[PDB]
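Go ahead and model the full structure; you've got the sequences and the hints to work with.
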Amino acid sequence: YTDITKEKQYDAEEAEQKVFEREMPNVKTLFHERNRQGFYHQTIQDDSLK
Amino acid sequence: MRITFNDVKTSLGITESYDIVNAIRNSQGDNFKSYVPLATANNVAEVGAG
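Line order of the protein sequences matches chains F and D.
The opening residue of the first sequence carries number 101 in PDB author numbering; numbering runs sequentially from there.
The opening residue of the second sequence carries number 1 in PDB author numbering; numbering runs sequentially from there.
Hint data in this document are derived by calculation from the structure and do not stem from the laboratory.
You may find that some hints are simply not true.
To be verified - Below, a sample of chain F positions facing chain D; criterion: calculated Cβ distance under 7 Å: (1) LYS106; (2) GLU107; (3) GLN109.
What the hints assert, rightly or not - Away from chain D, derived, C-beta distances all over 12 Å, residues of chain F: (4) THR102; (5) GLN117; (6) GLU121; (7) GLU123; (8) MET124; (9) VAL127; (10) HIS132; (11) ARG134; (12) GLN137; (13) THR143; (14) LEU149; (15) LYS150.
As the list claims (entries may be wrong) - Distance windows between CB atoms, simulated: (16) F:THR102 / D:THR40: 23 to 29 Å; (17) D:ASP19 / F:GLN109: 17 to 23 Å; (18) F:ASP111 / D:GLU46: 17 to 23 Å; (19) D:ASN42 / F:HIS132: 43 to 49 Å; (20) F:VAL127 / D:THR15: 43 to 49 Å; (21) F:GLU107 / D:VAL47: 16 to 22 Å; (22) F:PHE131 / D:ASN43: 42 to 48 Å; (23) F:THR105 / D:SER11: 30 to 36 Å; (24) F:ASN126 / D:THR40: 18 to 24 Å; (25) F:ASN126 / D:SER11: 38 to 44 Å; (26) F:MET124 / D:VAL47: 31 to 37 Å; (27) F:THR102 / D:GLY50: 37 to 43 Å; (28) F:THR129 / D:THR15: 50 to 56 Å.
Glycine included, every Cβ here is placed at the ideal spot set by N, Cα and C.
Set out below in structure tokens:
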């Protein structure tokens, strides 16, 4: 995800020494994993069920 | 033949119930916190009424 940024005030006087300044985009991230592993077990005795 | 007003006040008949600029300044968790990121509010709040 990427978020919004703040507003800066216009200042031509100091705009002469910081033309090549940097400002990070302020992003965020999240992670998800595998967490369910199961099984169902049954038995059938057909010969004795007859 | 030129007429110029001396020491004219922008807030001539204005009756300020409260200082909105001051309230925005001292707002820690208040209802004015929506205007904190605004940069030129200190210029809008003075000449935005005409």
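Cross-check of the supplied hints:
Interface hint at F:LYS106: satisfied, since its Cβ lies 5 Å from the closest Cβ of chain D, which is below the 7 Å cut-off. Here the hint on F:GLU107 is kept, as its CB sits about 5 Å from the closest CB of chain D, short of 7 Å. Using the Cβ-Cβ criterion of 7 Å, the hint placing F:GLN109 at the interface with chain D is satisfied: the shortest such distance is roughly 5 Å. For F:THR102, the non-interface assignment is confirmed: its Cβ lies about 17 Å from the closest Cβ of chain D, beyond the 12 Å cut-off.
Remark: the non-interface label on F:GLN117 is consistent with the geometry, its nearest Cβ contact in chain D lying 20 Å away (cut-off 12 Å). Separation of F:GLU121 from chain D is adequate, the least Cβ-Cβ distance of about 16 Å exceeding the 12 Å criterion. With a closest Cβ-Cβ approach of about 14 Å to chain D, F:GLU123 is found to remain outside the 12 Å limit, as its non-interface label requires. No beta-carbon of chain D comes within 12 Å of the beta-carbon of F:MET124; the shortest separation is about 17 Å.
Here F:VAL127 stays apart from chain D, with its beta-carbon at least about 18 Å from theirs, past the 12 Å limit. Even its closest Cβ contact with chain D, about 32 Å, leaves F:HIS132 beyond 12 Å, as expected for a residue assigned away from the interface. For F:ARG134, the condition that its CB be more than 12 Å from all CB atoms of chain D holds, with the nearest at approximately 40 Å. For F:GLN137, the non-interface assignment is confirmed: its Cβ lies about 46 Å from the closest Cβ of chain D, beyond the 12 Å cut-off.
Once the 12 Å rule is applied to beta carbons, F:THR143 is consistent with being away from chain D; the minimum gap is 63 Å. Under the 12 Å C-beta cut-off, the non-interface status given to F:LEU149 relative to chain D holds; the minimum distance is some 71 Å. Residue placement check: F:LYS150 keeps its beta carbon more than 12 Å from all beta carbons of chain D (closest about 77 Å). One distance hint, 23 to 29 Å for the beta-carbon pair F:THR102 and D:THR40, holds here, with the actual separation near 25 Å.
A hinted range of 17 to 23 Å for the beta carbons of D:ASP19 and F:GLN109 is consistent with their spacing of about 21 Å. Under the hint 17 to 23 Å, the C-beta atoms of F:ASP111 and D:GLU46, about 19 Å apart, fit the expected range. Between D:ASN42 and F:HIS132 the CB atoms are about 45 Å apart, so this pair conforms to the stated range of 43 to 49 Å. For the hinted restraint 43 to 49 Å between F:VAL127 and D:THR15, the CB-CB distance of approximately 48 Å keeps it satisfied.
The hint said 16 to 22 Å for the Cβ distance between F:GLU107 and D:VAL47, and at roughly 19 Å that hint holds. Look at F:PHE131 against D:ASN43: about 44 Å separates their beta carbons, and that is inside 42 to 48 Å. The hinted range of 30 to 36 Å is satisfied by F:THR105 and D:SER11, whose Cβ atoms lie roughly 34 Å apart. For the pair F:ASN126 and D:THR40, the supplied restraint of 18 to 24 Å holds, since their beta-carbon distance comes to about 22 Å.
The beta-carbon spacing between F:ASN126 and D:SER11, approximately 39 Å, falls within the hinted interval of 38 to 44 Å. At about 34 Å, the beta-carbon gap between F:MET124 and D:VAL47 stays in the expected band of 31 to 37 Å. Between F:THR102 and D:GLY50 the Cβ separation comes to about 39 Å, which falls inside the hinted range of 37 to 43 Å. Against the hinted window of 50 to 56 Å, the Cβ-Cβ separation of F:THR129 and D:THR15 comes to about 52 Å, which satisfies the hint.
The earlier numbered hints are all upheld by this structure, with none contradicted.
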